[PDB]
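Starting off, we have a lone chain in the form deposited in one PDB entry, written out as structure tokens.
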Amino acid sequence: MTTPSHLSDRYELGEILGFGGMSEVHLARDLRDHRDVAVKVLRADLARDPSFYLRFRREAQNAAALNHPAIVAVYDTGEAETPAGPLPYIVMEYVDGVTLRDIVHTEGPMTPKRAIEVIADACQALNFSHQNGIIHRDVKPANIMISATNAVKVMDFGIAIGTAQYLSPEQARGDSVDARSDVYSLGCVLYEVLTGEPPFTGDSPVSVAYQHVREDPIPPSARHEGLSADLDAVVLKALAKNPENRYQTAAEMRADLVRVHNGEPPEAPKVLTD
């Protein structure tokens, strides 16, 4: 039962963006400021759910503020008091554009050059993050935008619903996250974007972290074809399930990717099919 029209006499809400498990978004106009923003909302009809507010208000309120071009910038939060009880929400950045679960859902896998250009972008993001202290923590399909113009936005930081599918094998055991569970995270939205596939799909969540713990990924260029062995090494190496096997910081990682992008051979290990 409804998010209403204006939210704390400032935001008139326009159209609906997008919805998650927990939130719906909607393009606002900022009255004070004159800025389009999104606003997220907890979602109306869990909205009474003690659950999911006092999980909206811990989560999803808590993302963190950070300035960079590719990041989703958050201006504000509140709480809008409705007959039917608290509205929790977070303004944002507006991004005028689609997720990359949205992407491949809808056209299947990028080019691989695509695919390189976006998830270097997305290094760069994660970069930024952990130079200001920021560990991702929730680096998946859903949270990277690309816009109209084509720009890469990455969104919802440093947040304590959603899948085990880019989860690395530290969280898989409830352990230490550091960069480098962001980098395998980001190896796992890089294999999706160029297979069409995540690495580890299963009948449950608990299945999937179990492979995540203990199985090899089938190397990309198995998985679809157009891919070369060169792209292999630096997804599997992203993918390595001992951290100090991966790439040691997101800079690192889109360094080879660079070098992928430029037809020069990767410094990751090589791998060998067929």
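In this text, rigid core is short for the largest set of C-alphas that superpose within 1.5 Å between two forms. Numbering follows the first chain given and starts at 1. First, how it differs from the form deposited in another entry.
- Shift analysis on the rigid core between the two forms singles out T82 from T82, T111, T201, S147 (C-alpha displacement of 2 Å or more).
- Once both forms are fitted on their rigid core, the CA atom of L239 lies less than 2 Å apart between the two forms.
- After superposing the rigid core, the C-alpha of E59 moves by 2 Å or more between the two forms.
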Second form
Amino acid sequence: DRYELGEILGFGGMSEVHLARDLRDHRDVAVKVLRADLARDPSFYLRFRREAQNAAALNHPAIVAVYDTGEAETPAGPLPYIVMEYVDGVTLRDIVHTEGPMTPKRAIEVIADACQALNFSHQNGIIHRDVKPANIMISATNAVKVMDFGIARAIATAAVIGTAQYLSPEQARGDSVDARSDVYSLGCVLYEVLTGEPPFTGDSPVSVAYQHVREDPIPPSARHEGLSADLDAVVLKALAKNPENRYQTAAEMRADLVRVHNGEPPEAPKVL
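Can you swap the form deposited in one PDB entry for the form deposited in another entry?
One chain, no partners, no other molecules: that is all that follows.
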């Protein structure tokens, strides 16, 4: 009775998301549930339930707010759901697939905003773990909105690994994961929004994971026109294989992006 369901907004590997009107507060919300076609798959059911139960609820202008989670009583049975802030907009994946690479200054602005979201999250003890173009939206009013924060999982499907294009080397190898993993993955996103391509592609996730662990990324400026060596230095630092060589924090990464936006040399090691 509280929510008046509107149009479906989108879907991913696991979930479908619908527009709803909250009639108590008179606000639009987005309601996320298991994809109807995957709802009786054990692997997807278990994953969705755990991610709804452990959904990151953060209050920051560049993070999609989670308002409520639970299991709604329905005739068909208990329905796991997430109610969150509605974003009128599109994902970075949509933008890349529809409009192509962003201009460098815009890309820097978007990823700088993403760094602020991640720093806030990191400050409150939360690692994202699944930074990728599909998990960052840009609103109709050009606001950056990071979403779908991941959760800690058991140490050794359900669409957890797709292409592996955005996983960090530590995630691929089952090593300890910290905020520097988000830096790496955010680096992969930055690479893709600048060039139109992620740094590594392959016929399988195994092939891509291999490249993340073993193969140096081609500098962005060698893949797309209109870029600079100073932007190369920032991207390649975020993508260092050893976390010891990366930006140690999201604020550190943001600081270098801001420098490049302002035409100042970054502190990242120079690349020739």
